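Q: Below, each chain spelled out in residue letters.
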Amino acid sequence: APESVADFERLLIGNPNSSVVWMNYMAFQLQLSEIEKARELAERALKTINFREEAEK
Amino acid sequence: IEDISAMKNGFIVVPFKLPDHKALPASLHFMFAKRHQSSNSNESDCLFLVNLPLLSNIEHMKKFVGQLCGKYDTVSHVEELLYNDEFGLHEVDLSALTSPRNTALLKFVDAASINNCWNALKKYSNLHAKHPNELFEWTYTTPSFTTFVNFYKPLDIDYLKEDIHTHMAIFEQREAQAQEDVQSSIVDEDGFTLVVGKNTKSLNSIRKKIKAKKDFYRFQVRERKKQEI
Amino acid sequence: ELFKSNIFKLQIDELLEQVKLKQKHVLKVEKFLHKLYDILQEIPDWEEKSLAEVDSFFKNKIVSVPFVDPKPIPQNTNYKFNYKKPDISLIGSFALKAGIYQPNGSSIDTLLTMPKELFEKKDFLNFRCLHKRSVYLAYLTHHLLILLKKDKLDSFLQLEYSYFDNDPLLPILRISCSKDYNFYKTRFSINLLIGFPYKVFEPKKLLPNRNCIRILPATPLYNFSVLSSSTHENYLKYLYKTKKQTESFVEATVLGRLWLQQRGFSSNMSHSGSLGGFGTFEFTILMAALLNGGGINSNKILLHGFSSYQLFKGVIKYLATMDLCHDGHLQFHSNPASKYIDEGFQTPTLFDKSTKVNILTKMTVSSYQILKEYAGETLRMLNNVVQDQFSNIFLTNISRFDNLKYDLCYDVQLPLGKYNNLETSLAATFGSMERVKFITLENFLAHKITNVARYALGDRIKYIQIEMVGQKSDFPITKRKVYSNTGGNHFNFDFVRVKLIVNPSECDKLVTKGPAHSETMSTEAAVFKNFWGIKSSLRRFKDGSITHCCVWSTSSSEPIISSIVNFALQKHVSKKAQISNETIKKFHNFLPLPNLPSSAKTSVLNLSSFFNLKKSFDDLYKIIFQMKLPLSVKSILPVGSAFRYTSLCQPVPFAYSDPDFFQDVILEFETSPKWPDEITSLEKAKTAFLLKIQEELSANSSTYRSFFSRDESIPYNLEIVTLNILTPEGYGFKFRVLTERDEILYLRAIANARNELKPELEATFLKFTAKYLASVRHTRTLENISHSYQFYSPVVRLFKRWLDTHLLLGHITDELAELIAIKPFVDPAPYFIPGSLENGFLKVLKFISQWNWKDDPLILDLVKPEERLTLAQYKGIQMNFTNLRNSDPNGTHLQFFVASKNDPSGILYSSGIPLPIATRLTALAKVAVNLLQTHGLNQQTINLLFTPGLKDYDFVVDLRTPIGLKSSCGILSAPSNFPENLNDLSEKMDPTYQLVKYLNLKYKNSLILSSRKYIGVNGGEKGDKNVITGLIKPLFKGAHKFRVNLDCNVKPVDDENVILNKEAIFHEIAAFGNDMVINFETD
Amino acid sequence: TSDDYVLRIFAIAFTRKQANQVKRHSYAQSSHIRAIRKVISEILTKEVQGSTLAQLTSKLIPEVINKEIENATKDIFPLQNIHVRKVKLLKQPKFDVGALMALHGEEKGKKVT
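Residue numbers (the authors' numbering), protein chains in the order written: chain JI, 1457 to 1513; chain CN, 3 to 27, 32 to 105, 120 to 230, 252 to 270; chain UV, 96 to 274, 282 to 317, 326 to 445, 453 to 983, 1010 to 1116, 1128 to 1237; chain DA, 129 to 233, 238 to 245.
Bound-form chain JI, shown alone:
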């Protein structure tokens, strides 16, 4: 259960293809009401996750 931007980034270093931790990051950004930031990191999730996981795409 990550709570800050630094441990969020470190857990994305854990897995950058993890749609789970991507989703928790953008969900935290919606609850803190930074919608452009959550949308942009969703684009970052697009350009960072792999091509085998069409389900998580």
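Careful, some of the hints might be misleading.
Stated by the list, open to error - Below, in silico cross-link-like pairs of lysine to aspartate or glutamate (DMTMM-like), each with a Cα-Cα straight-line distance of 25 Å or less:
1. UV:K739 <-> UV:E812
2. UV:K745 <-> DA:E191
3. CN:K221 <-> UV:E795
Just so you know, the hints here were simulated from the structure itself, not pulled from any lab data.
Go by the hints and put chains CN, UV and DA onto chain JI.
A: Using the frame of chain JI, we list chains CN, UV and DA on its own:
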């Protein structure tokens, strides 16, 4: 950790003990297996394996199925194993592009063999449940000094010459046939011929390749008079 | 000018509102100084008294008279002493109303001016007015002490003696406070100055050419001291008049004060081994004189209607273009325009005629030279239109570390002893004329040591400074002067440390050339032969010249300049001095040394091995260009790190265990449009070309050896072939074919790939163009800029060595290392260009530690000293950086960002790098600069910064290869042929690099690794020891859902949730390196 | 060039006749002339801006640049005798005796007495 005999999503945990190394004061390397469901002919009679050990080759598959059948009095003849890309060097088919990870597929000879080894691995899962010593030990073919200098080996001029010769030969053949096809005056069913520029070679390449005046009319000059006045 | 005008002026006003003072502190010290005025007028007077009378007085008083040296003696005091009510005045940045809130602590001057009816016209001879001043201030501090013991402020007041900016002829009073007049929180102090009125002694009798101590040579410091104490206040009146005449005087004043403070400059006496002589006061006088004139025509170069930035740019360009010491000087009238004359008085000379004073007599010639060089550099960065330089100019203190401020440095211990011990300790003499030219022995020895070192070095350096290690300026009330006894002396120091701005193209000159030779010995050759003695001789050269010189011998552990200063200060100064720089000694030892003849005598500026490599390569070049083929050989371009002078070690023949043995050479054929249009057929045509070249080479150049290596270092191209060539110069190359068809087929695959396949193929094409296209232009411009900046190649060699010791080379690429190493040379600001290995390496690490890649980008102007980046390209690269940091604001995909003319994208040498590696490198630089800040620079700290940490590592695998490879690798503690079998070449090769790489390609989803790449330098003594340090990614450290593409070796904690299988991973590492794993250490 | 040597390059090219030519002359139209000037100008500028001066001499010796020009303009008009006719230095950069010694390939006395 002992009652974890299978997974609820259909997979079955397959453990493997590891020897007492000199620098380490035993493990159970866990694999997962589930029968395959595919429509292709060469991917029938197949077993999906997840979390295979290093260099999980046909010889070690033979060793494991031999252990299983010699324990459980089954018969299960391995035919071939698929998708052994354990390093991540074949995920993009660049060749056909410009013209299933950490897991593999295991094809057998018949459904009798696959259900026999399936029951054998179910009993192996029950072994992991009740008695963790009656399991098998996984030996790696050890990547040693000789195998790494084998990777460092300079290439053979005979292999190079023969491979380049056959590859170039079949490439000239298919390219000549492609040129004949694309410039052989194609005509559709209804009379409809295609225009081809000179020095084009591929129909696939063809598919990939795939004023007013304001002062003239009287209504115009009248609206101009209106917007000026 | 408008854009920089707006940004510079908003930065100026921001800085001044940041550093603005405290008006409550102003009112506090104002009512305090008013109280001191009342205390002064309560203080009574003392009549005409003799030496015995004042001796009895200050003998039964606890206060002792701080007499100037030498003391007054009863045989030559027939005159007497007196104290009357002085005249009061106020001096300082406070008096010019331009104060700030200094964090360390400021001080405000107040002048007590002596009475004329106490003076006589025979008081400026032989310390008469000086002893007058000494007993004057003695009585002042005594009666101030008794009036303090009356008013009872003694519980928090602190009264101490001091000197007027360290002027031993001018002792002053210092007042500080501690925790209703408690002014300690203000961080202010009070200086009581004691001066003479305007026109008490004749200024043409007190010009620095005049003699005023009879025993004839001039007494310049004596002249200036008494004349400045005579004409302090008229200068202050003139500064106030010019400040009211113009509008931004206080603003130009505070910019100048902050600039000199960041440079490490002040109004302190610089003649005794200190950096000073020019500070805020002389800055204000210079502003007044330049608004009074300045030109040789005596025109008004500085306009009164200027702005703050305008006045500041004017003074910095004027001091950059105008010599005040050697061939010119400036002259003004405080009461009459300023005019520049082409006569330099061999001293910084700004000469007031209205009072006949040169104002920069506190300056040395070397201090004036480095001040002019700082002026020229800051003029340059003020004409820097492309990049902003404000934060570099004002927001960086350059005087924090002497090894960073100066390229070379040496510590010399001086056990000189005593006043009678100098005659048998010092080689030189200290007579009556020596004492009258330097009243103070510190000034004597300082000017002596600067003169002898400057003559003994000359062209070999640019600039020279000396730091008298142990100087103080304060001493208590109960003392006559400052007293110190440590360091083998009775003077105010421990030892000396000489600092040097060196010339890199004039350091490795092996001969110290002097004058010519005739039959009649000239004066120059005469004094040259006397100065060099035994070392001097007469040599002839091939051109037919007979000139005196002396010849040294280079070394791989110390420079010729070190040897010369050793001989010079051990000969011409004292036989008891001790000279070293063990720091640069261990730097040169830790620099890798090649297995070559005369490597011990080989210095650091010899690229001879590189040149032999280039010559053998040019031979092979000629052979291939005369070879015939179905194509015509269009081009052959090397791209090797040894070609661009940046490999970790200089290349050795037959040392094929070198990781940089096989240099890369890009072979490129003519544009035959019959290439195959498919990637594999194109690749196999490349292989067939290389095979044809190999057959012809084995046919007609049989002295060379040749084979094919299956390269797949680029992703998804399983058929790369490098033609390895072995040449009987003991060298090796790998040939590969470049093609425009490779470029277009990569772009076609990019366009044909799926939308989720696009970033992977983009990364593949980025790696391809990094290897094939930007690499050639990079090695080209790096060669050129290295030959312009010699010391870049040793500093990048030692930096890459340091990264190999810290195991970051498994991720960091050599090109990125080269760029971060060339950053301080192409960006010297605010310092100078590095000319020493230590100076360059520490500038590199200082910039890396101060860097913030999350916010700060990096663009480098790859250009020779004065094809730079234009404003349009600079704006374009800044837009590239802002869009990339908008697309990645935290650095998951890209941490660093370095761009140039070669790379308008800035992403080429930075991709494929984890942020753990990034923060580990940044923290390594940070802990390096912290240990340098705390523990002090020594060889122990050198060893601490060179040892790897081996910490924060979740597993540590200690491996050792069974064969030693150091001697075969060619670093001194040797091969002489190529063995018969290329399979045995591969046998003697080293495997742990491919080990850690393939293990990373397996577990890149889960694990990250770091290894040692260069075993011949980081394998201990035998060159056989390595370590794999591995971190687990935190998500796979956690426990998650068992997926079909989970991509890990897991152990289930539930029937659906799995955690990673750590000991199985460790067993897999042991299996992969079974023959080489010697020890394992878990977290 | 990248070594900051401002330079000027003259090249000439003649319009030959084909292997089947029965016409006496082989003249080119002005459009083909201007197009070939465009191609040759771009080729020269690209190669000698990418190269350095020593690299330029190494390209200039074995006649590779006219070979590149011919291989590019084989489709506009068939040419012959293509040659880089003249090279002219126009500016010279700041001095570098180190670069001179490097591109070329220290000495003590004999103790005269």
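Q: The structure should be examined with respect to each hint, and the outcome stated for every one.
A: Verification of the supplied hints:
no.	hint	in the structure
1	UV:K739 <-> UV:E812	holds (17 Å)
2	UV:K745 <-> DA:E191	holds (14 Å)
3	CN:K221 <-> UV:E795	holds (12 Å)
The structure agrees with every numbered hint stated previously.
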